[PDB]
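A.B. asks: Next come the chains, spelled out residue by residue.
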Amino acid sequence: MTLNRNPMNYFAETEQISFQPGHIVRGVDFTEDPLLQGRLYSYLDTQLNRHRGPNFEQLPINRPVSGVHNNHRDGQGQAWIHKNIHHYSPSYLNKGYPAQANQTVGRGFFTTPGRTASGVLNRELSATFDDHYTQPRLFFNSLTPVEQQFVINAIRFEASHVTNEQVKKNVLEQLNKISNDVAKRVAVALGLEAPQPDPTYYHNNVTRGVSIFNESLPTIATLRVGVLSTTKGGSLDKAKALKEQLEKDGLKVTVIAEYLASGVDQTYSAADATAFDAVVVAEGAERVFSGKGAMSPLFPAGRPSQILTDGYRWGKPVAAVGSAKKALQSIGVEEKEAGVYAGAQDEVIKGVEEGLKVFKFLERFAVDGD
Amino acid sequence: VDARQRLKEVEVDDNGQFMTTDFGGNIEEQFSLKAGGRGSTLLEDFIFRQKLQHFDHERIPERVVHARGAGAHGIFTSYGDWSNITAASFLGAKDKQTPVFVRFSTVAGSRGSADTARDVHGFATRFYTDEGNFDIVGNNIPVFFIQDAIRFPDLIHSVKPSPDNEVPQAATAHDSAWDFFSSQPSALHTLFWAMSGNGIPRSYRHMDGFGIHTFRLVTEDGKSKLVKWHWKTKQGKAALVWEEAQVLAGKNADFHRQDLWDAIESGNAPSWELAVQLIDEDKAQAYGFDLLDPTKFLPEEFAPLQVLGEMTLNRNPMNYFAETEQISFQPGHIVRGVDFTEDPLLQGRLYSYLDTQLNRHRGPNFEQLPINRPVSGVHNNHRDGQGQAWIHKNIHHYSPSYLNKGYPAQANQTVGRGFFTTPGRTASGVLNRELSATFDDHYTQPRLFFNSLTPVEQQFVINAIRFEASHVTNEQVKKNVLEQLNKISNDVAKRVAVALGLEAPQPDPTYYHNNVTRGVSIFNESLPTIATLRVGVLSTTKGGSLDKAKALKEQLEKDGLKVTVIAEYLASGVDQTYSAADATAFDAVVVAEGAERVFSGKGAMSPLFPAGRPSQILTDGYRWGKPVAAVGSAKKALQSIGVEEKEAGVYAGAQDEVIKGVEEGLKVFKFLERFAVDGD
Amino acid sequence: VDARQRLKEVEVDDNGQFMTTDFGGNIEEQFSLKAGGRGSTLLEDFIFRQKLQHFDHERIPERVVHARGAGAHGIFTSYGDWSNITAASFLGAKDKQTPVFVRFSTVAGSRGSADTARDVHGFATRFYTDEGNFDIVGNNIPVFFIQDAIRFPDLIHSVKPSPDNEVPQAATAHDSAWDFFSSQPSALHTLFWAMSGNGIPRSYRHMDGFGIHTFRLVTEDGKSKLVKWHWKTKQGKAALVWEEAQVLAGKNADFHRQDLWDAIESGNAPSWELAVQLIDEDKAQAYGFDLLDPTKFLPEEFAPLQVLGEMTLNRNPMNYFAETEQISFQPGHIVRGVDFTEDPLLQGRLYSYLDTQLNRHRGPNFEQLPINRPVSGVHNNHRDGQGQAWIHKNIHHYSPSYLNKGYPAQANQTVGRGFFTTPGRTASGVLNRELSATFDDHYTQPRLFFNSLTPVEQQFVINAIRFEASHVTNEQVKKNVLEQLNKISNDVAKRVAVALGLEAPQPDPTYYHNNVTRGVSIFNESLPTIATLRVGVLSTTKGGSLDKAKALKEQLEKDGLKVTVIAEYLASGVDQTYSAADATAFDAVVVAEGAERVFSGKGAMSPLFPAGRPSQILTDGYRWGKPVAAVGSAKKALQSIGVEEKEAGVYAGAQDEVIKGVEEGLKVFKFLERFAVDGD
Ligand code: HEM
Ligand code: HEM
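Chains as they are written, first to last, in full-length UniProt numbering: chain A, 347 to 716; chain B, 37 to 716; chain C, 37 to 716.
The reader is advised that the hints may include incorrect statements.
[Said to hold, decoys possible] Computed far set for chain A versus chain B, every beta-carbon distance over 12 Å:
(1) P400
(2) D420
(3) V534
(4) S557
[What the hints assert, rightly or not] Under the rule of at most 25 Å between Cα atoms (straight-line distance), these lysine to any residue pairs were calculated in the SDA-like manner:
(5) B:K578 <-> C:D200
(6) A:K441 <-> B:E301
(7) B:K429 <-> A:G648
(8) C:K287 <-> B:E301
(9) B:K44 <-> A:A690
(10) B:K44 <-> A:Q404
(11) C:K287 <-> B:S198
(12) A:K514 <-> C:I431
(13) A:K514 <-> C:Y438
(14) A:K703 <-> A:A690
(15) B:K287 <-> C:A621
(16) A:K441 <-> B:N51
(17) C:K261 <-> C:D200
(18) C:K578 <-> B:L538
(19) B:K287 <-> C:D200
[As the list claims (entries may be wrong)] Simulated coverage check for chain B against chain C, where a stretch passes if three residues somewhere in it have a Cβ under 8 Å from a Cβ of chain C:
(20) 66 to 79
(21) 94 to 101
(22) 349 to 359
(23) 666 to 679
The set of hints was computed from the structure by calculation and includes no laboratory data.
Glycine included, each C-beta is placed from N, C-alpha and C at the ideal position.
Modelling step: build the complete structure from the supplied sequences, incorporating the hints.
C.D. replies: Listed below in structure tokens is the structure:
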């Protein structure tokens, strides 16, 4: 599936749309997943709240393309007028229409015939559901070492915000049942002590496709490069030429400067590293990285220096064009490094576009033990 | 021409189709999904829940007033080019046609009440003009109970059932209503109209209509005249009698709505002529009252009616809910060429009607409903809202803007044919929560109404007040009514007080007078046509009565009447049974020949109908003022109940003689000689 | 003990107080704020808008079914400690008292319809127990139209008015309803109950009540028995006649709701005994039908009723809307000691009643409403919602938590006295959208019902079907009805087909039988008490009749009766006028001495009442099976219409002789000799 159209009104289309798992057709059926079973009730019921009426599938974005024929009448905000005045089944007076459809006639929906119900009526869950630790380990084991650090570092950040000491202890108990290393590593940040190992659910099994960074992107199209430049000297024209070249590969390039000159897409005040997939300093733009240049009324002090610092420290491809290397060495970044490119314009582009395929450079993040 | 042409886009035909969910896909909805043979129903049965949920949410709130009603589609044709008085598009050219919808109602009952309860009646018309919807929301009575809109809750709370037990339904015959009438003497004028024939019309098609308020007509230059809206029925004014109305309320609660349905369906579309009164702005207080007073009407001797057009109701709704129930009238649905006045009652209505739609429709987008949509087109900066059916292309939904290029543009008096308030209008004085002293004359006009009614009609009004005030359990309130009634007429206070077992206070000549005006009476005139009126032909399955009756029916139908042939059971020519029959459903009764057999002896006692049924239909019909008839030997039926052929409205003889007598009598409709008047 | 004790905290007294806005502050709200005396109303008049806004939004949706109804507060007292059969707290100790609320209704009419329309009636009871609210939501008829809940919209859509015109109101006498009954033969059983006296009860206090569904009673150990709920009226079963009900629907739409109000207000609180049938779980298919079939009832010869208690309705509501209108019953309001069964109809109801409250109340917090609140206390993790009336102290609104320390706690069979499904219950088989073949006998039990009625009662059912099926305009549907009727009884098919003018189909003896069961009849038993019943004493203001009439009244009232003294006008002893009087309002009519003057001559023609009024009241009253009487010379009145004192139910003579006679006649209530039976 390819998404080629934008909404015309956000509210009418995006906001008012009502998804349900119970929106099912012939050739599909549910299973006895206790989570799924409840969703079927919930999604239909909650529309009464959002839409204030039972006629929310009469809304243009909820209308089917297949046609609606039944004996449902009235309702709040009824948009249709119904021709059939015999709105009940079975009737002599409607002459059998709307007709009843099933497996054999009318291509109607049907539950799977092989399905059965066996046992006592219970408010319980199957014992096959009681292994809560094996698959999270399976997931963790299947992650690259840096990605593993991210998950642990994420838990360190999150569980740090918990103000109840005992709850944090309770987290460690559950974390420990999965992996002691994780329990050890987290307990450092929380300033607590790792419990004794539990070999019950521990294992080293692995499966594929659960990782994000370890593979390279199929395409770098639409990704954004930010060209840090300046309004005075020769930086702008070089930058403009850099722009057209980059767009051809599929990228979207934003030319940043002190103010909105001829080729300037964005200002330094309105720019930040988060808006870009890669940052590249144009040549002669070094003037704004130190001295009076870094302190202008046109932007907060240290802004260009921060964007470069931010972009590098966040794992993004960083670049300098020719003489621009002083900017990268202003913050302590050597061109020899991985994900950092300095040299001629064509040399840098080729490096950057390759880097975008890498997308994120995990060498720039510290891993436990060291 | 099909007045419902715009509504075609939303008509859904389920014929030849399979059952579907509301989101599409073919289904069967006659069995629930169970776990095992005799098992429990499964929560994963999406088909069940989707079906029941729509049923569970089928109900919307009924109207706060005028809950019980019915409606139809039609066309309004203008008689001229009225730009000399108004800039309105739909009155702007001769032969110009506008689609309309009209809804008739009763004010105090709920959705299930009887059409034939004594009440004020509603007459709300919408004009789907090409300059926007314009609504004349009015009643069948030219005056209202109160002079300030802020008193509407107080009035309505009183007339509606008591908050403790919710008794009584659709009636003013209780203490709270007559407490209000006495405590707020402004209500007395409309009270009298309610107690007249207007309180019990024969049909929606047999009542006049009124805008009640004084409005304004404005021309493109901005010149204005005060106006009053009228609807005069081309079928004539007719009313029932209270003793009849009560029985009819049981045998057919849907009497009025069915009659309107049948008339339209049978090609006999009802029609009204739209008339107005034009008054100069300086003559607002000229005619003995303030024209911003809604408890007063302007006699036609002071200002004759000039008709501008005629409206005909020729189409019925396809779905009652989608069309009749969901429609939302507002007095604030106004267009260029019309404007409001400083009527304290009208001003409040403008707020109320718009606000109350939020309650009934649960959203601000109720004019997107097919029956509320105009034919003229809607362009503005209104966005979002609950149940928004449209998608708006303009993403610059504010004015003034550079980016939308000035569109949608601003229209006014000079440009865009836009609405404008009358330029001559002014505001002068202190800000006050008071009413003008021109509004305090509450007794003069009810007398004028009473004086202008035929002697029998006056008795009806008194007979109504006697019945109603009898149900009041508090003696002092009844004393208060006599005090207020006496200020109108000493005769009325005297005559009513007999029933209440009280004595009328000594006369007050302060407001007494003998003036008279036209058009306020119902019975004194004869109907223009007898078309659609119904005759019930009492016959029998024994002998040759049925064949004779069949010949009687076809003859009557050719003249335009609707005939029901009643007998013991549904034989070849029999339309209805005696069990299913009652006098209230018919405008005239005629006993066919040989039908005397069921009025006496074994014939009057069959298991096929309750005892005395044929005799009751004739007895009720005669005692209720209807034309009665017997054919040939059928005369025995008339003396079975004590009715002599010599009388008025009674016809006996050969069929040709009988048909003619009945049809002549139906024009009279009701024979007022058969009712006793006070004294005598 | 006043069941509305909990409701005291939310009662508002406006006595002795000044007017206020809804947000506080003292005001005057009778004049709008205007610009310049006879100016326009100002938008800055907050007092006007706040007052009108509440008025405009006063309406809430009426119930999707059972819209027309009335209710009262009461107390339920247990007769014993029923832990042997159920773990229910409200049945757990002898002489134990539980507050209740009961609402009686009709199924097909809207909020304004008549109480005396032919319909199934509702009998819904809430038990405000100390273990949560428990609701028995039931009818006055032990059987239902359909066997699956997914077919409920189809049934209701058919019986309710036609979607094109909304005709007819509160009636099954149209093509769509009888189309359904014939096409869905499951509906036939309840159809017969509807056409019997059950379709037109005398009062709410004169009908039995049924849970209809089979439920389960569970003990603390978890042992279960299948159960059926019964309410047996301690006032006796009584019904009207159709010809009476129709006239009554017009003269008093509020007949049932007023009667319940007056009874409680007069110290005569109605009472019912709560009875049950206990069936072993293994005996579900034992008695000739499936006990999960709601189109079946279980004869008392197979399982007699055992009474567990008595409930009495001794309190009236203070506000109808807040209490009666807003109350929300659900079969899913269940407690420990009760459980559901795999009745396909009951299963669906559980979804519907909860879901539909979202529509009527516009929110999920409707059990926060005072009349829906339990007396047992509510503690859970439900938060937010529209119109949330509570503030929650616990900021840990999730259940598996350390921080709330496990509260609110989880309760079950063993701990916390919590609810539990019956432990023996199982599910076996394929997942199916079909119904059991044990459900396929639609004709045997209606035959059983018909056979168990007195010959006149049998005629009534037939007379109702003749009337109803007469209104069907499609001949083929009537043919279809005869086919289904024939499968039950050939005689019924024969007798009905006469009225329809059709031919009786040839007999089908497949389902024919002569079996009989008890308790399903209304007339064959006499009323336990004549208390609360109403007698209308027709008198006159002329002569000594009034004093004579007054003396009769004083005598009657001690026995429990309610007497209305009728005359030309409201004299010293006069309760009601002749204009305001009708036979439908009385259980018995008795002419006082000297009242003969108004039954003939000038007396019968007065301006104070419609002509023939006193004569009709006697005529109607006699013809409707009621006890009729004359005192002394009053015999002149009875022979005016052809009624000899020699007859049954008619009493003439001395006052003392008459009194004893009427009171005797009232126990019989209705005299069935006065109605003709087929063949004769
Ligand atoms: C001469 C005075 C009045 C006339 C002629 C009149 C007429 C009517 C009519 C015909 C309707 C029925 C509309 C329909 O059929 O859909 C109606 C409803 C209504 N009226 Fe009045 N009325 C009057 C007084 C008032 C006043 C003074 C107020 C408020 C201050 C008011 C508020 C309302 C409201 C809120 C509705 C409900 C409309 C809806 O739910 O669609 N009325 N009126
Ligand atoms: C044996 C079968 C049934 C019985 C005894 C029954 C009885 C009743 C009664 C007495 C009421 C009145 C509630 C009140 O007085 O406040 C009611 C209302 C209602 N019933 Fe039924 N009914 C039955 C069948 C059904 C079925 C099969 C459904 C749905 C599948 C249903 C859905 C409803 C709904 C939605 C209401 C409206 C209640 C409200 O709006 O608060 N009923 N019923």
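A.B. asks: It remains to establish, for every hint, whether it holds in the given structure.
C.D. replies: Here is how each hint holds up against the structure:
| no. | hint | verdict |
| --- | --- | --- |
| 1 | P400 | violated (4 Å) |
| 2 | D420 | violated (4 Å) |
| 3 | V534 | holds (47 Å) |
| 4 | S557 | holds (35 Å) |
| 5 | B:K578 <-> C:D200 | violated (38 Å) |
| 6 | A:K441 <-> B:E301 | holds (23 Å) |
| 7 | B:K429 <-> A:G648 | violated (43 Å) |
| 8 | C:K287 <-> B:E301 | violated (31 Å) |
| 9 | B:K44 <-> A:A690 | violated (70 Å) |
| 10 | B:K44 <-> A:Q404 | holds (16 Å) |
| 11 | C:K287 <-> B:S198 | holds (18 Å) |
| 12 | A:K514 <-> C:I431 | holds (19 Å) |
| 13 | A:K514 <-> C:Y438 | holds (11 Å) |
| 14 | A:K703 <-> A:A690 | holds (20 Å) |
| 15 | B:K287 <-> C:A621 | holds (17 Å) |
| 16 | A:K441 <-> B:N51 | holds (8 Å) |
| 17 | C:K261 <-> C:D200 | violated (48 Å) |
| 18 | C:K578 <-> B:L538 | holds (17 Å) |
| 19 | B:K287 <-> C:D200 | holds (21 Å) |
| 20 | 66 to 79 | holds (count 13) |
| 21 | 94 to 101 | holds (count 7) |
| 22 | 349 to 359 | holds (count 6) |
| 23 | 666 to 679 | violated (count 0) |
Consistency note: the structure conflicts with the earlier hints numbered 1, 2, 5, 7, 8, 9, 17, 23.
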